[PDB]
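Assemble chain B onto chain A, guided by the hints.
2 protein chains.
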Amino acid sequence: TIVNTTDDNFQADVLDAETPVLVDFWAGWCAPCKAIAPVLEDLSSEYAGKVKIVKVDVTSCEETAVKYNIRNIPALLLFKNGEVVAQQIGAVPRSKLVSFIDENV
Amino acid sequence: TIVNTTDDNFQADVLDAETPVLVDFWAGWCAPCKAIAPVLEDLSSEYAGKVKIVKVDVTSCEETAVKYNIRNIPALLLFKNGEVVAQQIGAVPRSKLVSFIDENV
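Going down the list, the sequences are from chains A and B.
Going letter by letter, the first sequence gives residues 4 to 108 in the authors' numbering.
Going letter by letter, the second sequence gives residues 4 to 108 in the authors' numbering.
Wrong hints could be hidden among the right ones.
Because identical chains share one entry, a pair is satisfied inside a single copy or across any pair of copies.
[Claimed, not checked] Okay, derived cross-link-like pairs now, DSS-like style, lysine-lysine, Cα gap no bigger than 27 Å in a straight line:
1) 58 - 83
2) 70 - 58
3) 53 - 99
4) 70 - 53
5) 58 - 37
6) 99 - 58
7) 37 - 70
8) 83 - 99
9) 70 - 99
10) 37 - 53
11) 83 - 70
12) 83 - 53
Read the hints as simulated data drawn from the structure, not as lab findings.
Chain A with its partners taken away, still in its complex shape:
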């Protein structure tokens, strides 16, 4: 279960969540972004109930990208209680994604 959110739904899907939320900013022209889709699918299942994964398509969500000072994609921002607590900019291997999630639970 990976929600695709929108500028209008980001409050409900991300900011209002109590489960920590890993937000994936991607675009269809972004090759490294597309390349981490498989690991994000696996991770969404591995961490079910502990972490919610949400995708932001920056083509239709430019306002959201700007609002959170996205400067480069792939960008993965971890939200807790509606605030950004950590981020991983640029694609990294599964092992670094697993370590990024585990330290910031």
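Quick look at chain B alone, frame taken from chain A:
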């Protein structure tokens, strides 16, 4: 003298030209796209009449960005007679942009 094109103006502004065309795929949130904007303005004048520079805002031109497999932004694609002859993906210094232009033009 840098033309901002669209999905539907792309053929007339880029593909139909006989002068070589350097296309910069960019977005407003993208930081390296800002990194290279000044040098692009200088190069548009240094190479006036020899290379035309055109900009594609991927936020409103997703179709073009996907069609040309740009990988990430900023993407600098050199076109000659409507075909891509070389490309530089990511920001690079002035000296590498000059060598990129001259080697393929």
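Hints and how they fare:
1. 58 - 83: Answer is within; shortest intra-copy Cα gap is 16 Å, inter-copy 37 Å.
2. 70 - 58: The answer is both: 15 Å in one copy and 22 Å across copies each meet 27 Å.
3. 53 - 99: within (18 Å within a copy, 46 Å between copies)
4. 70 - 53: Close inside one copy (26 Å), not across copies (38 Å); limit 27 Å.
5. 58 - 37: Intra 11 Å, inter 24 Å, cutoff 27 Å: intra and inter.
6. 99 - 58: within (19 Å within a copy, 35 Å between copies)
7. 37 - 70: Answer is both; intra-copy 22 Å and inter-copy 15 Å each pass.
8. 83 - 99: within (20 Å within a copy, 42 Å between copies)
9. 70 - 99: within (26 Å within a copy, 32 Å between copies)
10. 37 - 53: within (24 Å within a copy, 36 Å between copies)
11. 83 - 70: within (17 Å within a copy, 37 Å between copies)
12. 83 - 53: Answer is within: at 12 Å inside a copy they meet the 27 Å cutoff, but 52 Å across does not.
In this structure, none of the earlier numbered hints is contradicted; all agree with it.
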